[PDB]
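Encoded as structure tokens, the following chain is the form solved without the ligand, with no partner shown.
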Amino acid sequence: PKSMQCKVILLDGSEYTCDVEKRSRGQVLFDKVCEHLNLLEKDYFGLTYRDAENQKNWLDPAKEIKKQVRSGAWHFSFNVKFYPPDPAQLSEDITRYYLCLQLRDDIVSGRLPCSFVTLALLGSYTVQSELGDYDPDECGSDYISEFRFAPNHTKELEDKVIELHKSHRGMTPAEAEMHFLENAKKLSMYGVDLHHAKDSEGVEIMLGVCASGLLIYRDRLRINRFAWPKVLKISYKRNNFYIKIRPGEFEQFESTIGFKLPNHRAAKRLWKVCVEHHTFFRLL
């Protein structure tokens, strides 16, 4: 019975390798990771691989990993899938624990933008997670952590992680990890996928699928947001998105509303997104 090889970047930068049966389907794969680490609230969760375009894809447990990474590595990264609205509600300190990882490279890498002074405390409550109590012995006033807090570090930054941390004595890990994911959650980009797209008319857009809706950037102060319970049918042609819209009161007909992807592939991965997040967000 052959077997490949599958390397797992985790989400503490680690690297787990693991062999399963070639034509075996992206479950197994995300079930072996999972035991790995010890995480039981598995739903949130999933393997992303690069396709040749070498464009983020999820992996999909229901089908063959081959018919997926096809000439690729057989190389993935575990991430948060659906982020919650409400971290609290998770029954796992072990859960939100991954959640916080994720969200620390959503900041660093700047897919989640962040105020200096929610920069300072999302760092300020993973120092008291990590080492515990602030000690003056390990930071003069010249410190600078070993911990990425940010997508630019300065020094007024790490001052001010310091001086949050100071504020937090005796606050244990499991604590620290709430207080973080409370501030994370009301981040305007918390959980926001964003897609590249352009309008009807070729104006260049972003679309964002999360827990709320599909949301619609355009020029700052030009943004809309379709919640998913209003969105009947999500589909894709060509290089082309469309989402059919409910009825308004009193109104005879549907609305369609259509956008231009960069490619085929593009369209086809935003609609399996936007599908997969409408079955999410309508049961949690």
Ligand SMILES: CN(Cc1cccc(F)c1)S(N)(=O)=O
The other form holds:
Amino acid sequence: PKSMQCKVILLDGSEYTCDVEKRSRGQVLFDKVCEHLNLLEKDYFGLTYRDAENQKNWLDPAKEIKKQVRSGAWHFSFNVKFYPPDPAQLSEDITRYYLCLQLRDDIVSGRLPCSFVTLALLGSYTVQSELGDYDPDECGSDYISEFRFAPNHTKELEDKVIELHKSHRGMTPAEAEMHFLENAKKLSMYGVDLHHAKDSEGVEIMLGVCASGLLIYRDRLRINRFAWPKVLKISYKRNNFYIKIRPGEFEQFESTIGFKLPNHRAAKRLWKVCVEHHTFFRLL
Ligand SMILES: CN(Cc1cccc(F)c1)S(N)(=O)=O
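Output the form solved in complex with the ligand next; the form solved without the ligand has already been displayed.
Complete assembly follows, chain above in first position.
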């Protein structure tokens, strides 16, 4: 029996290394990672890898790892796949903990835009969780935290994190993580997976996939939102991604909106993440 070494980047930036039989399906690796993380509520999570385009792909747990990574290194990242719309309803604190770690990276990366005050408030709950009660001895008027809070850091943001941290005295890590999530879950891009596309007129848009449905972001004045109940069907042909939208009451025919993706793989990727989120919505 021949085993391949897997390297997984965990959400605190640490690296986990294990071996699986070379014909292993994704689930085998994932089960090992989740056991290492003491994670039971595993269905919200997944493993990603990067292809030679350095684009992110979900490792399909049902398929052989080798037929997915193909020519690439057996190098993966552990990630939230399905963002819970109501994290307070997860059964375990450790589940909320990993969700917070993912959202910290969503914020620092700019995937999850955040006002100055929300950056500072989220940062303040992270500090309370990671370090406990505010301690002036560590701080000082010139303090910069080790923690990454934002896509760009400013002294004003560091100061506001400390001001709000003072107000959390006595808060336990589980409580500070619940507060982090109660705030983050309300942000307009929470759990939104964005895909570059062109509309049928060739205008650059973003397609957003999330729990509630499909977002078409043309510009600030031109946004469309299709809750899952309004989406009949989706398809990809070559580089094309098509959405069928139910008729409004007393209309006879669905409408088709068409999108051009950069290539066939990007269309297939968008299709699969939409199917997977749709199946999530069905079970909520
Ligand atoms: C697997 N499908 C189900 C689906 C229905 C409605 C919305 C969806 F995002 C997915 S499909 N590819 O449309 O035939």
